[PDB]
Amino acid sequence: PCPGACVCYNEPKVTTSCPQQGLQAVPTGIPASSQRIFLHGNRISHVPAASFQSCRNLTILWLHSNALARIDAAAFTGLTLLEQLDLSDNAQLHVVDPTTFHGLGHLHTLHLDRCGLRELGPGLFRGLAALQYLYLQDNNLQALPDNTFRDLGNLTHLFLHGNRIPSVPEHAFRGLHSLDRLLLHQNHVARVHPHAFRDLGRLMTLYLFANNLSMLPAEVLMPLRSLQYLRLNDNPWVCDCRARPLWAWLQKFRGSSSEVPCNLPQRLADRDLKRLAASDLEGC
């Protein structure tokens, strides 16, 4: 049975699609053998406790572009084979219970962008050893706590840009030894701990532009061994004695890096740091 104006088909995968159908909640009568459920584009307010427990074969679930305000902690419980979970474009969700994603040992990608998330609870990403893609962009995140991604061993892409992150602690990115791309641009990053990127050995892309970075020690870039692209523009760079560590590292870096424009001093008229001579940096 198809739960109404939905569309139900079996090839290639057992699919139940209910997109842009004025649904006010998760409909009743979804086939228990479904492997793909698309509830995007409706006005679903709450995801109750039961929801999708019947679908033991479920791997793809889309709930984006709804009116999600509350998601029960047991919303996706027992969905052992879930590979993709889409909750993006729900700017009125604001908060997720830290046990919501417990038990999803097969989850490959998790979309949580433009959800207005105020914070990331302790243990929110615990156990997600299968996670590869994590989208947390354009939320209201105001802190990046330690060990938040300690279990994401297979995580390759992490998107944190478009938040209000003020700093980076030491063990914030602990455990991400498979991370390839890390995007932190368009935040309020004013400081980074010297040893933050220690686990990022295979990181190839780092976007730090459009932040509040005044200076950056070379030590934070030392562990990055596979780095091939680096974005640092749109930052209040102070080019003097404090920039010499980053300056020396930038003369040796092999990959393609963006401009490092000096906000200060006034004498240096908005020039690139990589192209400055050693004798320009004075003023620790």
Contents of the next structure:
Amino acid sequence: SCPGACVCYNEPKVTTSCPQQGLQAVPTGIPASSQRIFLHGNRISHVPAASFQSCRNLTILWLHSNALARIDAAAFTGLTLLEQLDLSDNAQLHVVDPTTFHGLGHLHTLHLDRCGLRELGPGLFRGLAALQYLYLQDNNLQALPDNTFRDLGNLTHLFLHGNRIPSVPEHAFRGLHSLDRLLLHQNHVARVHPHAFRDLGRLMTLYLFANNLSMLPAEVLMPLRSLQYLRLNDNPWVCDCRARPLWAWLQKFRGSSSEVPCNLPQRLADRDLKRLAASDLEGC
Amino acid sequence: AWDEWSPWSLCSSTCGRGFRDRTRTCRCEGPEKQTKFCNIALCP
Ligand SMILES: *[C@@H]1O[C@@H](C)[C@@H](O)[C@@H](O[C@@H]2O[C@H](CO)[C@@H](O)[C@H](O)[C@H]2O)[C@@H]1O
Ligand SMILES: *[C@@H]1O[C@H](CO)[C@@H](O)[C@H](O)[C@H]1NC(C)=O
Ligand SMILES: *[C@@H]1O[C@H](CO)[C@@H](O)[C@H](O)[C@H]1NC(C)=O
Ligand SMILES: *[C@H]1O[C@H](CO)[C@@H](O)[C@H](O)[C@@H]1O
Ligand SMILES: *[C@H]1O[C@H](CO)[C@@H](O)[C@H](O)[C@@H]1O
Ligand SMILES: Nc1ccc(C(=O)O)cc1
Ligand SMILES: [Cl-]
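Same protein, different condition: the form solved without the partner chain was shown, now please give the form solved in complex with the partner chain.
Below is the whole assembly, all chains and molecules, this chain first.
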């Protein structure tokens, strides 16, 4: 009944577990009653269409740390109750067909970090209304297109750090009304649209450190009425009068922020924007 | 005659187990500093 490379047990949930067994393919004969399937740490290179189709009650599927080079668009057909899908640490994946997650209406945790992803294609996260945690860090993303997350009204954690994102457009984060933590550090972000955070009134943690920011428009942080933790260090901040709105916002912020180190002008290059006097930012 | 607690700090680490702290100044029974657990992310 159980595949030779696996251990199968019924409690607490029906589980087929075969991690780190040197598998090059999804094993045949996984029990249709499986509720959890653990295939992490193998060398699986392809997930064909309907690889788990008979497992109608599946809620946990772990495929991380494999050698995935292709996931069929219909790989997850049948998995209408799937709640957790870990595809992370498959550095040669590179692309996920934008229909791959369609129909996963109970999905609440989706791991896609360390997958070599070059882009988030149109519709990739369509209709994932139950999604809570979305891990996209440590890929090769070079853009955050408008409306990429627009249906993710229940998302609370969005990790995007460790990519090559050069800017945040107006509607990148449209729809993210429940978002709690937004991790955007270690990117190439050179500007944030003034209204990029309009829907993030419930955000509590924002990381923007290790980017390419020299300034933030006056409006950017205004919508962040619940913010408690803010990291802005390791950016080339200019501390002249163009920094006055950020300075003023930081003076009134009731949470905790990182140092905001001045890069220029040289006479202030040894200072934290937060600690400057108002007279240092006069002029415009 | 305690003053209000400061906001909790940034997390000591953003990978794995870390802590935040907060402080308050007198004017008086109770602590002066507290810490609490934080975990932002798992890092390989
Ligand atoms: C805070 O956010 C995390 C999600 C990571 O991106 C952290 O970076 C990692 O920090 C550890 C030390 O805690 C370093 O050893 C890793 O090299 C670094 O990627 C970040 O500080
Ligand atoms: C799914 O669970 C239901 C309810 O326990 C059960 O009747 C059904 O046989 C299960 N489906 C599979 C494919 O095992
Ligand atoms: C969205 O989140 C709320 C609160 O957790 C929940 O009641 C609702 O069912 C969720 N929507 C889904 C799962 O589609
Ligand atoms: C700090 O702690 C609590 C609020 O967290 C209260 O006892 C009071 O605000 C104190 O200053
Ligand atoms: C720290 O703890 C929570 C947020 O993590 C709040 O009670 C408040 O922000 C406090 O300073
Ligand atoms: N890694 C895991 C292995 C097994 C189980 C379980 O049987 O609950 C959970 C996690
Ligand atoms: Cl933090």
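Numbering follows the first chain given and starts at 1. Only residues modelled in both forms are compared. Throughout, rigid core stands for the largest set of C-alpha atoms superposing within 1.5 Å between the two forms.
Colleague: With a 2 Å cutoff on C-alpha displacement after fitting the rigid core, which stretches of 3 or more consecutive residues move between these two forms?
Modeller: Run shifting 2 Å or more: just 281-283.
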